[PDB]
Amino acid sequence: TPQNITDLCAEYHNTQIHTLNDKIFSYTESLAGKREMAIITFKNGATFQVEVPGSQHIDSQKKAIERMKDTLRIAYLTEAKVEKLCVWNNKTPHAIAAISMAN
Amino acid sequence: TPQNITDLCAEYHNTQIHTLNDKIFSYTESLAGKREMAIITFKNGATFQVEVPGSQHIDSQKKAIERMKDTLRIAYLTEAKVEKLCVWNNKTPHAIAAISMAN
Amino acid sequence: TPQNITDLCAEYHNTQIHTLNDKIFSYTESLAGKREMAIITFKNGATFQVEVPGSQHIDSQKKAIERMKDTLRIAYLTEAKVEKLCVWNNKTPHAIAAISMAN
Amino acid sequence: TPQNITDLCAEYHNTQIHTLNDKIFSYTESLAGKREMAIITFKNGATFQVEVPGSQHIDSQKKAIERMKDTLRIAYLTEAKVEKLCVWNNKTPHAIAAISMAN
Amino acid sequence: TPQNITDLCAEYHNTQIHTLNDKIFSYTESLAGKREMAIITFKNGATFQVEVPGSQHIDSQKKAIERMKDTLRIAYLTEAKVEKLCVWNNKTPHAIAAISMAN
Ligand SMILES: Nc1c(NCCCOCCOCCOCCCNC(=O)c2cc(O[C@H]3O[C@H](CO)[C@H](O)[C@H](O)[C@H]3O)cc([N+](=O)[O-])c2)c(=O)c1=O
Ligand SMILES: Nc1c(NCCCOCCOCCOCCCNC(=O)c2cc(O[C@H]3O[C@H](CO)[C@H](O)[C@H](O)[C@H]3O)cc([N+](=O)[O-])c2)c(=O)c1=O
Ligand SMILES: Nc1c(NCCCOCCOCCOCCCNC(=O)c2cc(O[C@H]3O[C@H](CO)[C@H](O)[C@H](O)[C@H]3O)cc([N+](=O)[O-])c2)c(=O)c1=O
Ligand SMILES: Nc1c(NCCCOCCOCCOCCCNC(=O)c2cc(O[C@H]3O[C@H](CO)[C@H](O)[C@H](O)[C@H]3O)cc([N+](=O)[O-])c2)c(=O)c1=O
Ligand SMILES: Nc1c(NCCCOCCOCCOCCCNC(=O)c2cc(O[C@H]3O[C@H](CO)[C@H](O)[C@H](O)[C@H]3O)cc([N+](=O)[O-])c2)c(=O)c1=O
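Residue numbers (PDB author numbering), protein chains in the order written: chain G, 1 to 103; chain F, 1 to 103; chain E, 1 to 103; chain D, 1 to 103; chain H, 1 to 103.
Just chain G, same shape as in the assembly:
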């Protein structure tokens, strides 16, 4: 398995690493039907989503989508610095695939 988020990200098509080294500036979450998702922003304006679960996802990803929204919420409320995000860049906002947190 990959040793880090950069190596993990490179295993997939349509991805890119974003290097933030900053806390989350805003956290949004919705329960509206067909938009059950989260959206975060950083102070520079860069915006990211956790996608609504769909036909593009395999079953194993469902629990991990729920965990990512948990992660983002707590990271936001603790002001944790996000180091990098691995995202799919074939969506807007870019869709989070993975996150790294470091000091």
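If you are wondering where the hints come from, they were derived from the structure by calculation, not from laboratory data.
For every residue, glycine included, the Cβ atom is placed at its ideal position computed from N, Cα and C.
Incorrect hints may appear among the rest.
[Unchecked claim] When the alpha-carbon atoms are kept at most 25 Å apart in a straight line, the in silico DSS-like pairs for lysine-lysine are as follows:
1. 23(F) with 23(E)
2. 91(E) with 34(E)
3. 63(G) with 34(E)
[Stated by the list, open to error] If you want a taste of the chain H side facing chain D, the calculated C-beta under 10 Å gives, among others:
4. 1
5. 12
6. 20
7. 60
8. 83
Use these hints to put chains F, E, D and H with the ligands onto chain G, whose structure you have.
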């Protein structure tokens, strides 16, 4: 997908944005039958609910309703500033559809 | 729907509001069979339970019972002030139906 | 029905109360097969387990076992004072049945 | 049952104990398909994973895998010192079987 809570709220009928930019003043939750819900207030007297799950909800919303009560609870306890709420204004108290936190 | 805990509490028989306006003094939780419950006390000696799930509860209350014990544990640990409890008083200790937190 | 941990503990055979009145010294958890358990210790050297779910546990204890591991984790991290533990003493380490937390 | 992480770790083949006595330096988690995992590192560079659930895990480990990612995230955020890790060393990064935390 929407970039922010205002654009997401605009996708639905019978909704509005409330701009609070304030922490939650009170948090209430109930396990009583047919009243399994949360209610929050702001110091200006605005009151909102997370509805009881029912027939107006699609299955994918169920997990999201539970997550939203989770979110409000921790927002309350951490005194996190709520920026905006997207609500259905066809219910009393207005029913939460999405939340944004910033600052 | 109800706008506050007092109006909610009044929808049910065999309930009363207790006004605490205090943090929880003790939190006790059990996994022993037939006693899978939580008990909280306040420094005025008032004691309350989250009842073991049973045939008195409808299906939709199950998730909310588990949520209540999460709420009471985190309230305890954060020393959050509990404003009011809505309880069933046909049980000893009185059984929690709803909680409000403020101040 | 019990109003406190001592009374609840007394309801079961092969149990005893340990009075700690201290925070947890160490918290251990495992995901290894057939050892999906938690172990806590105190600075006096007392060691306790949350048992692996098995055929001694009825269905309704399974959820409560999960919650107890949650509770011990967060108690540990917050340095909350543990007042008493109700344990089964026919297992080594003694097996937790209930916990009370108080200042 | 085991009294500590060292005795638990010794019940399994292909395991070793790593003694860290330090907080986690970075936390990574992924929802990408077939890489639904967590990776942590320590300041000395040492890197560990929580494996993707697979056919080498029995059903009872599934829930504990979920729990371990929860634990590592909150450990990371609270800067909790990790005492020891029990890992399987037949994988790269070494795969976490158990964790102990102590100050
Ligand atoms: N696959 C796929 C897609 N498509 C995904 C589409 C993303 O769409 C979001 C656009 O929003 C839907 C706007 O809906 C109008 C539809 C008619 N539906 C409703 O009437 C309706 C009403 C609602 O309100 C009731 O329920 C609320 C609780 O949900 C609340 O109680 C309110 O008070 C009630 O009146 C709510 C909804 N809802 O959706 O939440 C809908 C794509 O791209 C793909 O590949
Ligand atoms: N769809 C829809 C609806 N319907 C929702 C409207 C409901 O509003 C709330 C009004 O509530 C019910 C008032 O209670 C009378 C119900 C008769 N049932 C009971 O007797 C009963 C008894 C209860 O107490 C027992 O259980 C408690 C635990 O639940 C506890 O153990 C206690 O000690 C017991 O005596 C409790 C309930 N209960 O509901 O909680 C009910 C609408 O509008 C739509 O559009
Ligand atoms: N509805 C309803 C009721 N009735 C509810 C009754 C309230 O009961 C409270 C006390 O319960 C029974 C005390 O147990 C004696 C009964 C026989 N049970 C056991 O043999 C037994 C043994 C246990 O120990 C084993 O399991 C432990 C884990 O559970 C541990 O591994 C230990 O080492 C083992 O020896 C444990 C239990 N258990 O219940 O936890 C029981 C009412 O009133 C209503 O409305
Ligand atoms: N009832 C009851 C019992 N019995 C309870 C048992 C006490 O058990 C602990 C003793 O442990 C036995 C360990 O099993 C070795 C047997 C062979 N099994 C395995 O081959 C095996 C291999 C494992 O490693 C692979 O999977 C790992 C993930 O789980 C990791 O990916 C690794 O890289 C892989 O090589 C792991 C396990 N596992 O069990 O975790 C087992 C009692 O008492 C009662 O009352
Ligand atoms: N057993 C076992 C294994 N198996 C584990 C393999 C480890 O592999 C990781 C490398 O991953 C596969 C790279 O995939 C390319 C192949 C085709 N797959 C895709 O088409 C694909 C596309 C995806 O993007 C869509 O879905 C995204 C959400 O998942 C997002 O919405 C994006 O916008 C969409 O385009 C995503 C995936 N996905 O897998 O996440 C795949 C081993 O080793 C053993 O021992």
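Cross-check of the supplied hints:
Proximity of residue 23(F) to residue 23(E) is assessed by CA-CA distance (about 20 Å); at most 25 Å being required, the pair is judged to hold. Between residue 91(E) and residue 34(E) the alpha-carbon distance is near 16 Å, which keeps this suggested pair within the 25 Å criterion. The suggested pairing of residue 63(G) with residue 34(E) is violated, with an alpha-carbon distance near 31 Å, which exceeds 25 Å. The criterion of a C-beta within 10 Å of any C-beta in chain D is met by residue 1(H), whose closest approach is roughly 5 Å, and the hint holds.
Nearest Cβ of chain D to the Cβ of residue 12(H): about 6 Å, under the 10 Å cut. The hint holds. Hint status for residue 20(H) relative to chain D: violated, with the closest Cβ pair at about 13 Å, above 10 Å. About 5 Å separates the beta-carbon of residue 60(H) from the nearest beta-carbon of chain D, less than 10 Å, and the hint is met. Contact between residue 83(H) and chain D, as hinted, is supported at the beta carbon level, the nearest pair being about 7 Å apart and thus within 10 Å.
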